[PDB]
Every structure is written in C-alpha cells, then in structure tokens.
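> Chain by chain, the residues:
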Amino acid sequence: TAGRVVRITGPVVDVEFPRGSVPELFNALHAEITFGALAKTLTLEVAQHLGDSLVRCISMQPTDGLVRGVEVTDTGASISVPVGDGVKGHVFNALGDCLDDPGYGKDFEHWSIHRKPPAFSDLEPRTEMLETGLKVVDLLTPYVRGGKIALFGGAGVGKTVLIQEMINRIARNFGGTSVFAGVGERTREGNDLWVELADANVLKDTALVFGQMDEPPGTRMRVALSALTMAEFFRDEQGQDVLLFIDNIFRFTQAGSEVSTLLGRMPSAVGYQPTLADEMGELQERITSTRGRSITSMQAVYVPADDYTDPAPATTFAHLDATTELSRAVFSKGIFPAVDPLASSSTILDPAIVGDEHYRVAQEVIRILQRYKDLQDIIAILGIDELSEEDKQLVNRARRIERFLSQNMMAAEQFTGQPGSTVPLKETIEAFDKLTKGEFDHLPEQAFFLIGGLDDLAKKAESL
Amino acid sequence: XXXXXXXXXXXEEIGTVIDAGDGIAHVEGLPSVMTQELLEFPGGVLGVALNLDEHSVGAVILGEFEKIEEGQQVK
Amino acid sequence: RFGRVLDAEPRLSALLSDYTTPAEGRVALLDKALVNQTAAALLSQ
Ligand SMILES: Nc1ncnc2c1ncn2[C@@H]1O[C@H](COP(=O)(O)OP(=O)(O)O)[C@@H](O)[C@H]1O
Ligand SMILES: [Mg+2]
Numbered sequence: 008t009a010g011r012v013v014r015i016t017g018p019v020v021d022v023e024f025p026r027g028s029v030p031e032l033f034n035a036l037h038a039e040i041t042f043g044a045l046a047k048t049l050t051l052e053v054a055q056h057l058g059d060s061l062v063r064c065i066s067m068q069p070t071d072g073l074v075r076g077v078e079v080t081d082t083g084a085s086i087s088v089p090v091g092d093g094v095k096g097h098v099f100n101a102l103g104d105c106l107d108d109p110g111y112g113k114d115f116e117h118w119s120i121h122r123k124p125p126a127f128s129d130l131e132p133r134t135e136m137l138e139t140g141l142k143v144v145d146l147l148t149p150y151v152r153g154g155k156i157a158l159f160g161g162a163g164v165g166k167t168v169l170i171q172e173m174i175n176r177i178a179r180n181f182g183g184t185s186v187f188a189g190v191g192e193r194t195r196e197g198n199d200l201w202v203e204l205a206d207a208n209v210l211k212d213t214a215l216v217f218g219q220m221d222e223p224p225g226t227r228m229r230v231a232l233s234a235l236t237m238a239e240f241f242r243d244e245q246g247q248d249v250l251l252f253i254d255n256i257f258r259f260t261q262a263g264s265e266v267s268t269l270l271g272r273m274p275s276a277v278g279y280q281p282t283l284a285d286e287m288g289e290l291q292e293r294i295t296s297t298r299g300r301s302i303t304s305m306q307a308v309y310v311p312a313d314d315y316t317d318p319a320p321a322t323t324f325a326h327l328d329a330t331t332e333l334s335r336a337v338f339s340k341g342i343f344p345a346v347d348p349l350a351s352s353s354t355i356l357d358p359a360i361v362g363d364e365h366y367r368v369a370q371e372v373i374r375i376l377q378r379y380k381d382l383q384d385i386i387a388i389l390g391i392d393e394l395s396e397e398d399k400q401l402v403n404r405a406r407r408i409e410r411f412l413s414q415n416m417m418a419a420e421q422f423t424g425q426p427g428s429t430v431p432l433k434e435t436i437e438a439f440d441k442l443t444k445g446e447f448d449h450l451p452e453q454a455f456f457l458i459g460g461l462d463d464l465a466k467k468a469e470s471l
Numbered sequence: 012x013x014x015x016x017x018x019x020x021x022x029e030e031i032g033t034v035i036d037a038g039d040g041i042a043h044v045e046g047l048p049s050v051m052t053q054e055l056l057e058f059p060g061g062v063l064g065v066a067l068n069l070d071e072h073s074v075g076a077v078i079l080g081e082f083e084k085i086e087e088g089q090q091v092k
Numbered sequence: 298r299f300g301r302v303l304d305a306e307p308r309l310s311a312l313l314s315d316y317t318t319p320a321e322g323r324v325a326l327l328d329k330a331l337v338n339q340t341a342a343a344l345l346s347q
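Chains as they are written, first to last, in the entry's author numbering: chain F, 8 to 471; chain C, 12 to 22, 29 to 92; chain d, 298 to 331, 337 to 347.
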C-alpha cells in the first residue's frame, strides 16, 4: 500500500497516504514521470503534515511531467548520502549520485543528511591562528584553525578569485581531507575547479558535492546538508581534520525562501521565509570543531544590492568567527582582494592570542583608516589641501596603507599574468609598523599597488 | 475478497474554464493533465498548466487572453 | 463490527469516501461487499 499525488505547485507536491501509514518528516519518497525524454524518478522530501493523512513534500528534481494520481512510495528514511574514505576523489550531487561514475557509491555506507548538532558539552572554542599569506587577512582578520570563516560581498567583487586563492593557501598543503560544497554557484566554476584540482593533483584528497544554479530550490537547499554529512563523517568516524569549503551559502537561504513561498507560509520582512534564522542555525551549528577534532570552514556569502542590512547576511553574521567583507567601492579603486578593513573582523585579534606587536599595529592601522574614512566627506569636495597638517600627514600615509593592503594573489595570475606572492606574518607586521611610523611616506602611492612584501616594494619603487 | 471488490468498483478528456482574469485562467476537469502541459482553448490560444489543485488547474494564458471566457472547452 | 473492519482496512475506508463520486455506485459496492439486515440498512442510509 502506498500514497497518491493530489496537488502540484512547482516543485512542491502534496501526497495522500492511507490512514495509518503517513511518513515521518524529512522522509524520502519516490514518484515516476513517464512523459518521454523528460521521464525520471522524482525524490520528494516531506516538509509538512497537512492533516487528513495528507503531507506536503519538496521535490529534489523538476516536477515537469508529473501528473496527478500517480503512486508514491515511502522509503522510510531520510535522503542518504555515501560516506567513507572512498568518497574522496569523486564528484557527487545532493542525492548521492556520482557524476563522474554513475554507479559509484551505491555499495558504500550511507548516512542520513538530517542529523542533530553536537552536544553543547562537546564544544570547545578554538584560538590557534591560521596563516594564509595575505597581508590584510593575516593582519586585521586572522583566521582560526578549526573555526568558521566567511567571505561576504556583492556581485562581481571577488568571491571566486579569493576562494580558489584560499584553496591554494590552505588546501594545497593541508594534511587532512577536504570537502567542497557548491551551493548554488555557477556550474562553469565547478568544472573549472574539477579540472584545476586534478592539474594540481589535490583531487585525490578532496570530495566535491555540487548543487549548481540550474537545480530547483528543493535540492539547492539540501546540497549543503549533503556535503556537511560527509564532512562530519570524516570528522567523527575517521578522526581526520577537515576543510569544508561552501560557496555560496546565501543561496541556501534563498532556496529556503523559494520553497517557503510555495509551502504557503506567510512572508517575513523584505520577503524571506520565517524560521530563516532557525534553518541557517540548524545548518551552521553542525559545522563546528568538537573537542579533540577540527573542521575548518570557509564560506562565501552573497549580498544582494550590496545591502549589508539584508536579513540573510545579517543573520549569518552571528555564526562566524572570521568575517572578511568585500566592498564595491574598494574594488572600484583598483584595490584587490578589495577587503574592507573597517567592516571585516576576527574574534581572535586580541593580544592574548596574537601578541602585542601584532595587536598594536592592527589597531593603529584601523585608527588611521578610520580617520581617513571620516575625512572622506571633505576630501570629496575640497581635496586634501584644505585639511590641517595633523590630518594631511595622516591621510597621506592612510592612502598608502590602504593601497599596500592589496596583494598579487596566485589565482589572479590567469588574468593579469603577474605571478603570485606569499608573505610571512612577521614581514607584514614589520611593513605596516614602518608604514604607520612613516618610514615609507616618501614613495608615491602607485608604487604600493599589488606588491607583496617589502623587498618587492623596494624593487617596484626603484623602477618608478 | 476486498481487492476483487475494489477492482469491481473501480471498473480525449475535456475541461471547462470556471474562472478567467488578466492573463490567467482556472480550468475544471482534466484529471490526467501533466504539470506545465500546453493546454489549448477554443480561440486558438495556448496555456501553461502551472498549478494543479485538488479540484481545478491554474493555467497562464499565452497570447490573446481577451478571447477566453467562462464556459469554454479546454483540451 | 463494520466499524472495526472500516478502521482496520485503510484502503477500503478511503474507497468508502464517496461524496465526490456517484453515490449510487458507492452504495452498490458497499452493499455487495458488506448480517443484521437493519444494521446494513443503516449503513447504506
Ligand atoms: N587581483 C585581481 N586583479 C584583477 N582582477 C581581479 C582580481 N581579483 C578578482 N578579480 C576579478 O573579479 C572577478 C571575481 O568574480 P566573482 O568573485 O566570481 O564574482 P561573483 O562570485 O559575485 O560571481 C574575476 O572575474 C576577476 O577577473
Ligand atoms: Mg564567485
């Protein structure tokens, strides 16, 4: 005995079941579409109970071709993804289907994507700094080994460049095992990544799960859970340390809104779903470094219309330990990676963790840039000349500090042709201390763009 | 015994427009219509069956929706 | 007894839902499938 479809509205499908055989929430159901070249087996996920033995489900595939009255069979379990050391090296989708080898993973151990987060008693905060080799990050927003990092920004400001750069900075040398969740990003980038990780030979040590934009919202929101399951398996069972890249996690909340509008739930503010914070929290709290093991996560967050006050970014800000924030304005200045020094933040930027020499320089730089950002309102009208000398001396080196935060990243080599640069922390501290104290105030601003370290600064200045 | 009784009890479709407004229509009948099926109306007008409810089908009208009216046959 | 049957048999119970279908055929099927003459008379009523 099994159920029947009785309503269809986009990817959302209502199914009626016998009186006593209603499926539990988040159970997976199978249905058939038999029109033609469009035919396929649909997986539906139970999202609600509507009463009278009727339940409302989210389709993981496009419903096109689904006719009313077709039978629907309950699997009795949630959507299950393959887990195991054999997962590494291959590409998967949200439903556990391998794309590189269709039959792969059918015989592996299967874990449910829906799981409760770790007990509070097993949580412990991390403080060990992670050295990436980017000046602005390592100085003002030091990442945490085993913490949660995020890259915010609008459209067309450097999510992908900086994300693959950080892949080169961490994953290229990380001794552990990596997972890459592509949540609603463009597919061409996924193919580029699948090729690049093989060129660099890193592929054999990382797993990829993709849910790109073309897919309907129902799976577009579950892809994150699908990959997080493999990440937390590598965490809890194998005991390895893990890197969990996710791009872009805003599309998870966007798919949540799309499915919400169909489920019939009333809209919140500007038009997101209610429980937005609850879904995002249920997702993010699972990505945590429990005692004795670690899962380092770098997330990308989209920001529509550059409205940093949009409820979704404003919500996701709460779950992150490090938050690099890109900006349109800094990008227009030609600065790259275009990080906003005053908006970005990191919780471990305190003297007890990073040391006094680092903290003092970071805070002096922040003070200089803040005074600059306050004088901008006059700078824009009357130019620098109107300012008093205590302000003009400050602005002259503020511009230089700002431009020196730029760096010639390895990823940009494919566009600019200039090779990449990695700098150690101590050299960055020395350089910015010298800058704030004025040992380089005599050089022109254009000398500072996209340098790298200090020796490269001298080499470039000599040529001008 | 129950199965045979159920089978004994169980032992070209055309619908009708019940509601029409501003480029959208609702259609009765068509139990076997597929979602996003290209329906056709008497006036030489097509439609896309977006929503399939328990009692009626929601169809966005393509082209001249002026030619649609209540009581028209849809196939 | 009839209630016990109709509760234990969920598919038969769903088939017994007939206010949308033609009531004459529903009555015919129920009578053919389903004794105390008065109880079955009330059931058909
Ligand atoms: N240091 C740099 N120099 C020159 N161009 C850059 C640099 N960093 C990023 N870019 C440009 O910015 C673009 C980033 O786009 P992307 O981050 O994918 O936007 P989104 O993620 O919003 O689609 C790239 O196409 C790249 O050409
Ligand atoms: Mg990108």
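Honestly, the hints are just simulated from the structure, not real lab data.
Hints may contain errors.
Said to hold, decoys possible - Partial chain C-side listing against chain F, Cβ under 7 Å, derived:
no.	residue
1	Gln53
2	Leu55
3	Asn68
4	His72
Cβ coordinates follow ideal geometry from the N, Cα and C atoms, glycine included.
> Decide, hint by hint, whether the structure agrees.
Here's how the hints hold up against the structure:
no.	hint	result
1	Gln53	holds (5 Å)
2	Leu55	violated (12 Å)
3	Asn68	holds (5 Å)
4	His72	violated (10 Å)
Comparing the model with each numbered hint stated earlier shows that hints 2 and 4 do not hold.
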